[PDB]
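What follows is each chain in one-letter form.
Number of protein chains: 2
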Amino acid sequence: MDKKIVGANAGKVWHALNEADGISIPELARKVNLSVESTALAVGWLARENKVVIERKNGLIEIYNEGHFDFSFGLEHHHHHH
Amino acid sequence: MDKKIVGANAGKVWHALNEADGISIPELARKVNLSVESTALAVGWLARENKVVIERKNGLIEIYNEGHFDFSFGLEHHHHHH
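Protein sequences, first through last, are from chains A and B. So the first sequence is numbered by PDB author numbering: it starts at 1 and just counts up by one. So the second sequence is numbered by PDB author numbering: it starts at 1 and just counts up by one.
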């Protein structure tokens, strides 16, 4: 059992992108409170359906939300990290 | 060309799994000349074809290959003979 785990935690990392996307793995990991390997791999489950799209600027890894194509809303006023 | 890039880099990280899998993401990253983020994201392109098995041992995440679970076969597509 693996696709149920990565299916569950992928919703939480994707939710933090709806706030503000173009964010790196360990920064995103502090808001969602997942391990760096767990956060990147949860985003990999989103990449399956292109719920995320990847850009590399200056060698850095950006994670974009699919919402900036169709519909996205930062109506939830910024989820602070831990 | 996000899927073109991650498709190339996933073939590189999976090639490393074909000869030595069940390895941690940063160790694998140093082998495939990529960063931890880039490697785990390329392993995410393997996860969308279930080519990797994600095993959290004492909290530590290891990624095995699909070659251990050889249940990727099935039954012939049954059709009428004519």
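Keep in mind that the hints were calculated from the coordinates and are not lab data. Hints may be right or wrong, so weigh each one.
Each pair may be met inside one copy or between any two copies, as identical chains are not told apart.
Stated by the list, open to error - In silico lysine to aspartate or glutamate, EDC-like type, Cα no more than 20 Å apart, as pairs: (1) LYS3 x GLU27; (2) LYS4 x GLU49; (3) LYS31 x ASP2; (4) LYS4 x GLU19; (5) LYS31 x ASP21; (6) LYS3 x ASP70; (7) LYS3 x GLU49; (8) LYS3 x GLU76; (9) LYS31 x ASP70; (10) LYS4 x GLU76; (11) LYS4 x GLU27; (12) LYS3 x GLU19; (13) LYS31 x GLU49; (14) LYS3 x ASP21; (15) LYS57 x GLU76; (16) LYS57 x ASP70.
Since the copies are identical, ignore which copy is meant and state whether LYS4 and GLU19 lie within 20 Å (CA to CA) inside a copy, between copies, both or neither. neither (24 Å within a copy, 27 Å between copies)
Homomeric proximity label, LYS4 with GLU76: Cα distance no greater than 20 Å: neither (26 Å within a copy, 28 Å between copies)
Have a look at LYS31 and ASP21 and pick one of within, between, both or neither, based on CA distance no larger than 20 Å. Only inside one copy: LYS31 and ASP21 sit 12 Å apart there, 30 Å across copies, limit 20 Å.
Tell me, please, which holds for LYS4 and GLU27 at an alpha-carbon limit of 20 Å: within, between, both or neither? For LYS4 and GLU27, neither the intra-copy (24 Å) nor the inter-copy (26 Å) Cα distance is at most 20 Å.
With 20 Å as the alpha-carbon cut-off, assign the pair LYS3 and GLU19 to within, between, both or neither. neither (24 Å within a copy, 24 Å between copies)
How do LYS31 and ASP70 come out at 20 Å by Cα distance, when the copy is not named: within, between, both, or neither? neither (24 Å within a copy, 38 Å between copies)
Alpha-carbon proximity between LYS3 and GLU76, which holds within one copy, between copies, both or neither at 20 Å: Answer is neither: 28 Å inside a copy and 26 Å across each miss the 20 Å cutoff.
Between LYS3 and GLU49, at a C-alpha cutoff of 20 Å, which is it: within one copy, between copies, both, or neither? Close inside one copy (13 Å) and across copies (11 Å); limit 20 Å.
How do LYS4 and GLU49 come out at 20 Å by Cα distance, when the copy is not named: within, between, both, or neither? both (15 Å within a copy, 15 Å between copies)
When no copy is specified for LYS3 and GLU27, does a C-alpha distance of 20 Å or less occur within a copy, between copies, both, or neither? Neither: 24 Å inside a copy, 23 Å across copies.
From the Cα coordinates, with 20 Å as the cut-off, is the pair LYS31 and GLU49 best called within, between, both, or neither? neither (22 Å within a copy, 28 Å between copies)
Up to 20 Å CA-CA - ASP2 versus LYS31, copy category: Neither, since 22 Å and 25 Å both go past 20 Å.
In this structure, the earlier hints numbered 1, 3, 4, 8, 9, 10, 11, 12, 13, 15, 16 are contradicted, and the remaining ones agree with it.
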